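Visitor: Below are the chains, spelled out letter by letter.
Protein chains: 2
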Amino acid sequence: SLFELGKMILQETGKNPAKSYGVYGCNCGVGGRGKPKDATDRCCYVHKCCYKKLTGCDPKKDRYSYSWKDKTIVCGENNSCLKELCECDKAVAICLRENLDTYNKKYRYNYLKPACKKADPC
Amino acid sequence: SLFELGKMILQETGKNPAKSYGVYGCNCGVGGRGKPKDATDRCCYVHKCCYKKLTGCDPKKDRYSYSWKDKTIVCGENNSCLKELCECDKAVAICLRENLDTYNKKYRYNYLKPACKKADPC
Ligand SMILES: CCCCCCCCCCCCCCCCCC(=O)O
Ligand SMILES: CCCCCCCCCCCCCCCCCC(=O)O
Ligand SMILES: CCCCCCCCCCCCCCCCCC(=O)O
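Protein chains in written order, with the deposited numbering: chain A, 1 to 13, 15 to 53, 57 to 61, 67 to 90, 92 to 123, 125 to 133; chain B, 1 to 13, 15 to 53, 57 to 61, 67 to 90, 92 to 123, 125 to 133.
Hints are supplied without guarantee of correctness; some may be wrong.
No distinction is drawn between identical chains; accordingly, a pair holds when it is met within one copy or between any pair of copies.
Listed below are the simulated BS3-like cross-link pairs for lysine-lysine, each with C-alpha atoms no more than 27 Å apart in a straight line [what the hints assert, rightly or not]: (1) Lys115 <-> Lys7; (2) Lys78 <-> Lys115; (3) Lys116 <-> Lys57; (4) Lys80 <-> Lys129; (5) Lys16 <-> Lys36.
In case anyone wonders, no lab produced these hints; they're calculated from the structure.
My request is simple: use the sequences and hints to build the entire structure.
Guide: Structure below.
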C-alpha cells in the first residue's frame, strides 16, 4: 500500500516522501504518468507501469510485508500480486535514491501535473 | 545529542532505538559501561569509550549535523569535538546493524545494569 511505498522511499532516500515526491515531476505521487522530467521522475514512471501489470491485488490499499535488511529493502511474501507489488515499490525507492544527485526542488510541488506530456504505454 | 544518536540507530537497524537499545545489555543506553554481554553490547561499550575522548562538547545535550547519503551516515562539521562525537555515534549505529544477527531480546530491558561487571579502561 501507500504506507509501505512511502516508508521505502523514506528509507532509501532519507527524504520526507510526501514532501519530496508526493507531487514531484510528472510521475511521482498524485496523478497518473507523464513524460518524465528527470531521472527521479523516470523512476516514478517506471513504478506506475510496474503497478499496471499487476492483477489480483490493489497496489494503493493492500498492505504487504517487507524487511529492511542491511539497509536493503527485501520483499516478503508469496502471494504473487503482492510480491510483484513489493518489487515495484522497492525498485522505485532505490531508483529515487540513485537519482537524488539530480533531484530538483524545482519539480517538488508540481501542481501542473494534469499538464504533463502524456506517457507512452507501459 | 541523544536525538541524533537514536536516529542513526533507527536508520541503520530499522529498530525502535529506545525499545531495542535504551536499556540493552550492560553498555547500551542508560548508565555507564560494563562488561559487554554480546556483540551488540560491545558496540555500545566502544561507543561510550569513544565519548571519553571528547573534550569541550556534551554528547548527550549537544546536537551536531549529519546526513544520510547512499544509505550511509555521514558526519558533518569541523568543530573538532562535534565531529568526533558524530563519528562516535555513527560507529555505534553501524556496529549495532552489523550485529543484529546476534541481537538478543533477552538483553533488551536490562533493569539490572547497576549489576553489570565493571568496564575495563577504554
Ligand atoms: C512496515 C514495513 C516495515 C519496514 C521495516 C522497517 C521498520 C521501521 C524502519 C523505519 C526506519 C527506516 C530506516 C532508514 C532510514 C531513513 C531515515 C529516517 O528514519 O528518517
Ligand atoms: C493507505 C493508508 C495511508 C498511508 C499513509 C501514507 C503516507 C505516505 C504516502 C505518500 C508517499 C509518497 C509517494 C511517492 C511515490 C512515487 C512513486 C510513484 O508515484 O509511483
Ligand atoms: C535528549 C532529547 C532527545 C529526546 C528524543 C529521544 C531519542 C532518544 C533515543 C535514545 C536511544 C539510545 C539508544 C542507546 C544507544 C546505545 C549506544 C550507547 O549506549 O552508548
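Visitor: Hint by hint, where does the structure go against what was stated? Just the numbers, ascending.
Guide: Hints 3 and 4 contradicted; others consistent.
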